[PDB]
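Read off the chains here:
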Amino acid sequence: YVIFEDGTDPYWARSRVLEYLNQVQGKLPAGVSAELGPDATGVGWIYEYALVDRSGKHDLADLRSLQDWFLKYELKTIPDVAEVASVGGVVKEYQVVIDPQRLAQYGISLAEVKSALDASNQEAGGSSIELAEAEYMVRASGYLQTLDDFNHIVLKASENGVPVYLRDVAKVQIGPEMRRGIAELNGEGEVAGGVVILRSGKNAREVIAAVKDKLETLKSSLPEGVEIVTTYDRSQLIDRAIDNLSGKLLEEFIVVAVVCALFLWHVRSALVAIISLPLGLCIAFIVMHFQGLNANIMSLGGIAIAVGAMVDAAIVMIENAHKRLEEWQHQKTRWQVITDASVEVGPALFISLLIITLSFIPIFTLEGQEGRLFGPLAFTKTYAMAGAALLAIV
Amino acid sequence: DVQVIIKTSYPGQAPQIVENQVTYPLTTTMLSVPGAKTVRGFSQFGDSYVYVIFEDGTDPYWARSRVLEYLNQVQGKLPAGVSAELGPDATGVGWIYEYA
Amino acid sequence: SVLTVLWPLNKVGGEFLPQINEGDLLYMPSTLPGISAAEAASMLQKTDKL
Amino acid sequence: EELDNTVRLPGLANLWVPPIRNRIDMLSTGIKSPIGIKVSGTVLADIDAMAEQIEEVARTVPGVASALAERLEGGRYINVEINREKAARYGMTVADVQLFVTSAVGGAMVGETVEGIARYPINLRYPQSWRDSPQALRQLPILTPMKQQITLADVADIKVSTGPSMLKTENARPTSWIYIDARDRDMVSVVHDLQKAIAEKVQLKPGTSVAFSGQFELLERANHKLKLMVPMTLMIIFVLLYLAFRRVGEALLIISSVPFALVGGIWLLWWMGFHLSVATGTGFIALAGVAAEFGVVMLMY
Amino acid sequence: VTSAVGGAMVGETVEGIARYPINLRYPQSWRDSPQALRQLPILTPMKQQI
Amino acid sequence: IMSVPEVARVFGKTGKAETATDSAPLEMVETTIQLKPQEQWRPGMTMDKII
Amino acid sequence: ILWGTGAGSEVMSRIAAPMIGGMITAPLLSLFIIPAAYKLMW
Ligand SMILES: [Cu+]
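Chains as they are written, first to last, in the deposited numbering: chain A, 94 to 424, 433 to 495; chain B, 44 to 143; chain C, 546 to 595; chain D, 647 to 947; chain E, 747 to 796; chain F, 596 to 646; chain G, 998 to 1039.
Just so you know, these hints were derived from the structure itself, not from any lab.
Ideal placement from N, C-alpha and C gives every residue a C-beta, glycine not left out.
Be careful, since some hints might not be right.
What the hints assert, rightly or not - No more than 20 Å apart at the CA atoms, straight line, and that leaves these computed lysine to any residue pairs for SDA-like: (1) A:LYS264 / E:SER775; (2) A:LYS185 / E:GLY753; (3) D:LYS732 / A:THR170; (4) F:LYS644 / F:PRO620; (5) A:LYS416 / A:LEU355; (6) D:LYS814 / D:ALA691; (7) D:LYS814 / B:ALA123.
Stated by the list, open to error - Here are the in silico distance ranges between beta carbons for each label pair: (8) D:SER712 / A:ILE96: 53 to 61 Å; (9) A:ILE96 / E:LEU789: 28 to 36 Å; (10) C:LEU577 / A:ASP241: 53 to 61 Å; (11) A:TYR199 / E:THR748: 32 to 40 Å; (12) A:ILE96 / D:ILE763: 43 to 51 Å; (13) A:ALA334 / F:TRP636: 20 to 28 Å; (14) E:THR748 / D:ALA799: 36 to 44 Å; (15) D:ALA828 / A:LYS305: 25 to 33 Å; (16) C:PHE561 / A:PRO103: 40 to 48 Å; (17) A:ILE267 / D:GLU702: 53 to 61 Å; (18) A:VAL360 / C:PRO553: 56 to 64 Å; (19) A:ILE267 / F:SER618: 27 to 35 Å; (20) D:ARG867 / B:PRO103: 20 to 28 Å; (21) D:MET946 / C:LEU548: 25 to 33 Å.
Stated by the list, open to error - Computed list of chain D residues with no C-beta within reach of chain E, every gap over 12 Å: (22) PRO665; (23) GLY687; (24) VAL689; (25) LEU690; (26) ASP692; (27) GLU701; (28) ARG819; (29) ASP827; (30) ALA868; (31) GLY927; (32) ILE931; (33) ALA934.
Throw the hints in and build the complete structure from the sequences for me.
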């Protein structure tokens, strides 16, 4: 892991890291290679799905192979899905197992056997030729694609002969490649599948949606007796949480309307309360967009309690407006004088909203992981409050 | 539009082992690159040209920078001497002056 | 008079987006896959004559 | 016209384009064709068979078009089938056999020579004479690790087959794109008839998928977004019409107005038999701007 | 120690668009326990059996 | 885990999973438990209670 | 722009044409949508 100071253009930071990643590739082993991480954070684990079979026809190794060279390719296509992890299953493996006694007898060392394998599985062609008029491309395959072929690898042979083959000192058998990650579903057990990961910052909900349509569409192609059982759907917590805040806000308008009705015995405050919020709400959503923050539970939590502290400007304005009218009920320009005194109640009110916002900065000051977790709730509010002050004046 | 060209030459060969050998490792490593829209490449007799398309309006140099991320993980997996080339820096418009 | 303009809108006259003109021309002919390099250089020369 | 008529030969269909546009057209990868489909798969054989079966469904569905399955496999080959077992009897590695296939019969450059600031290639190959024809190949002389003197035919069977002239693939794996072309009509309906008619009464092979692409994907979006713009553009236009004089009668007049102003312009398309373009629509947009102005200036008076 | 007793993959096999590993190792029986290791049979550059 | 009547699906993962993100040995047992709407299936039984 | 163009006017014309025709109709319309339509409006 390479850690950078908070708030560094990630892609930039990833770019810098690479600088010296190239100076190293040659210094480490053969085949062994260095991998740069994905592109998502630890949050990026969005959708997880198991690949099980409602029968016994399709193999464990078969499933892993299905998820690896089919599904994974199908889903990585989807927009902001960084990578589609593969989990569990088992790897179809071609196992050449030597027999020491057979080696002794024929007198061929391991080095010899290894050199043969590296020289028994390749393909090549060497230019074209002018037969007739058209040119022909000349190819060849030495391709290991049958156990017959695995067996028929010459090791030691001689003139006028016999030929010692690999079949002669080893048994070639498909097997399970030494496991590094085992996955399972319920008591039933042992099953392969894959996780979906979100390329940093991009409404996970949508990414899940795009995935789910694909899966629905794909299930047609699936072999017989295999089901994609969802193990995870971040969308649900997102939906649940979002529907939660969708309700509280309306519930807040009605509560306010009811309380108003009891205090001013009914008044268009209904539309007034509802107008003040969405606007002070709509500025918070205008600003966060610009400075591209998020929409995490915190940010949403911010606007919620803001609604609660934006009542006084509306309440205080109205009272003074209501009291100013009554003076003319006791006895254009005359609606203007009612405004004038709505102006007398303006100054300090207005300024009280502005003074409220600034005090929040100490919260920004804390700089833990938690502190940065809370920045949202405070960032949304801090910017919503100042705009709420202008809000109040409009 | 915004794209990154990845030419790979092979002295002589064939449409199968020019892909199987060099572009099969090239196209597949590029699937994971941050921001890649579609990774469609043309393999052919002797050459492997691989295009990476990005969404319209992406800092080209940035886009070219991202592409490179995984271009390094591949150099060792393809043949000897055979090497991967990042495109030039001009678009299809860039062909200005031609002289015999 | 808007009617008289409407008969047109459905007929649209003829053709769509242009292609524009440059001082020169480029020639490319679907040709078929396999050929010789010599036969290529030959055809090239003949074409440069026509 | 003269050129197209002057230069004419077999196998060649002439195309005449300008410099800039051509160069642009030779990099922008995709499908000019209004519509096409992609069948992704694990092996060339599978997805190819799909194109064949889809073709009939293309010609059949109400829609004029020519389905281009695979103008690709026009490649002439010479398969050198190395019989491992016969190479074994000679104590030879498939690689060693290929040594002759690649260097002796190809000419794989075995290094280059530095002349200061320049380097030219070094080529190691059998004489031109021995690489002349398949027969030549069959008789290609090989000397074994045991100074046995044999011929490529002894360890290989060479056959002439016809395969790919090139290989195109979408996202690592192989996909064939069939081009179906319908012209001058918004064919957004056809793509849905196919995606469902297929499922209901036409099958498929596990290990593959089907993708629909063409000029329409982006077009449909363009149309969609444009049609959101007209309500939004009118709403702002209305707010900008109503504010100089307030009344809706005039503002509604101007809106109900513009269409007739557009007449002369399109009747201009009439002598000219003029196409129409985003450009003609660009003029229309400007026309409608000046006329609206004229209405305003006159209404005030 | 690495191939016979480990199972260091000595290459993979291309099935179109997929590749599985090839593993070269002594029989499961000879890698069972430290004792097994002590008796792990080696044949020298001189066909000596140790 | 599946025994509990308040758990829906369950997923056992032991180790890593073909991704640079996960770095867990074969010891590292890592399971995802899926829960049902508290419509089901119990009276009381709060989150910490389940736990 | 209509009579000659050695430098790309397959496009300038396309947007130019509408302008003229509309400019023969536009003056006229401005003239007779102003009075008639007005008295009809009220
Ligand atoms: Cu863990």
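To see whether the hints hold, each was checked on the structure:
A distance of roughly 14 Å separates the Cα atoms of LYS264 of chain A and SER775 of chain E; the hinted pair therefore holds under the 20 Å criterion. For the proposed pair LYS185 of chain A and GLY753 of chain E, the alpha carbon gap of about 15 Å is at most 20 Å, so the pair holds. Simply put, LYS732 of chain D and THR170 of chain A have alpha-carbon atoms about 46 Å apart, too far for the 20 Å limit, and the pair is violated. Between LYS644 of chain F and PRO620 of chain F the CA atoms are separated by roughly 31 Å; this puts the pair beyond 20 Å, and the hint is violated.
The straight-line distance between the Cα atoms of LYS416 of chain A and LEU355 of chain A is roughly 16 Å, inside the 20 Å bound, and the hint therefore holds. Taking the CA atoms of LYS814 of chain D and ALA691 of chain D, the gap is about 14 Å. The hint holds against a cut of 20 Å. Between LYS814 of chain D and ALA123 of chain B, the direct Cα distance comes to roughly 24 Å. Violation of the 20 Å bound is thereby established for this hinted pair. Between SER712 of chain D and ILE96 of chain A, the C-beta spacing of about 59 Å keeps the proposed range 53 to 61 Å intact.
Evaluation of the 28 to 36 Å hint for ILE96 of chain A and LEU789 of chain E yields a failure: the beta carbon distance comes to about 51 Å. Take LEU577 of chain C and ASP241 of chain A: their Cβ atoms lie about 39 Å apart, and the range 53 to 61 Å is violated. About 22 Å separates the C-beta atoms of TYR199 of chain A and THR748 of chain E, a value inconsistent with the hinted range of 32 to 40 Å. Under the hint 43 to 51 Å, the C-beta atoms of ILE96 of chain A and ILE763 of chain D, about 46 Å apart, fit the expected range.
Against the hinted window of 20 to 28 Å, the Cβ-Cβ separation of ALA334 of chain A and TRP636 of chain F comes to about 23 Å, which satisfies the hint. Judged by the Cβ atoms, the range 36 to 44 Å given for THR748 of chain E and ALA799 of chain D holds: they are separated by roughly 41 Å. For the hinted restraint 25 to 33 Å between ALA828 of chain D and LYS305 of chain A, the CB-CB distance of approximately 32 Å keeps it satisfied. Between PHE561 of chain C and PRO103 of chain A the beta carbon distance is about 44 Å. The supplied range of 40 to 48 Å therefore holds.
With their beta carbons about 40 Å apart, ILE267 of chain A and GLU702 of chain D fall outside the hinted range of 53 to 61 Å. For the pair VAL360 of chain A and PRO553 of chain C, the supplied restraint of 56 to 64 Å holds, since their beta-carbon distance comes to about 58 Å. Checked against the hint of 27 to 35 Å, the C-beta distance between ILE267 of chain A and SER618 of chain F comes to roughly 30 Å, which is consistent with it. Between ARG867 of chain D and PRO103 of chain B, the C-beta spacing of about 23 Å keeps the proposed range 20 to 28 Å intact.
Take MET946 of chain D and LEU548 of chain C: their Cβ atoms lie about 31 Å apart, and the range 25 to 33 Å holds. The claim that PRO665 of chain D lies off the interface holds: its Cβ sits roughly 39 Å from the closest Cβ of chain E, which is beyond the 12 Å cut-off. Not every C-beta of chain E lies more than 12 Å from that of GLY687 of chain D, the closest at about 8 Å, which undercuts listing it as non-interface. Taking the minimum C-beta to C-beta distance to chain E, about 5 Å, the non-interface status of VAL689 of chain D is violated against the 12 Å cut.
Not every CB of chain E is more than 12 Å from the CB of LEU690 of chain D (nearest about 7 Å), against its label as outside the interface. The beta carbon of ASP692 of chain D is not kept farther than 12 Å from every beta carbon of chain E, the shortest such distance being approximately 10 Å. Non-interface call for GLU701 of chain D relative to chain E: holds, since the shortest CB-CB distance, roughly 24 Å, exceeds 12 Å. Non-interface call for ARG819 of chain D relative to chain E: violated, since the shortest CB-CB distance, roughly 5 Å, does not exceed 12 Å.
No Cβ of chain E comes within 12 Å of the Cβ of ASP827 of chain D; the nearest lies about 30 Å off, and the non-interface call holds. Non-interface status of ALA868 of chain D relative to chain E is upheld: no Cβ of that chain comes within 12 Å, the nearest being about 35 Å off. Here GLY927 of chain D stays apart from chain E, with its beta-carbon at least about 46 Å from theirs, past the 12 Å limit. No Cβ of chain E approaches the Cβ of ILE931 of chain D within 12 Å, the least distance being about 50 Å, so the stated non-interface status holds.
Residue-level check passed: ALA934 of chain D sits 55 Å from the nearest beta carbon of chain E, beyond 12 Å.
When each numbered hint is compared with the structure, violations occur for hints 3, 4, 7, 9, 10, 11, 17, 23, 24, 25, 26 and 28.
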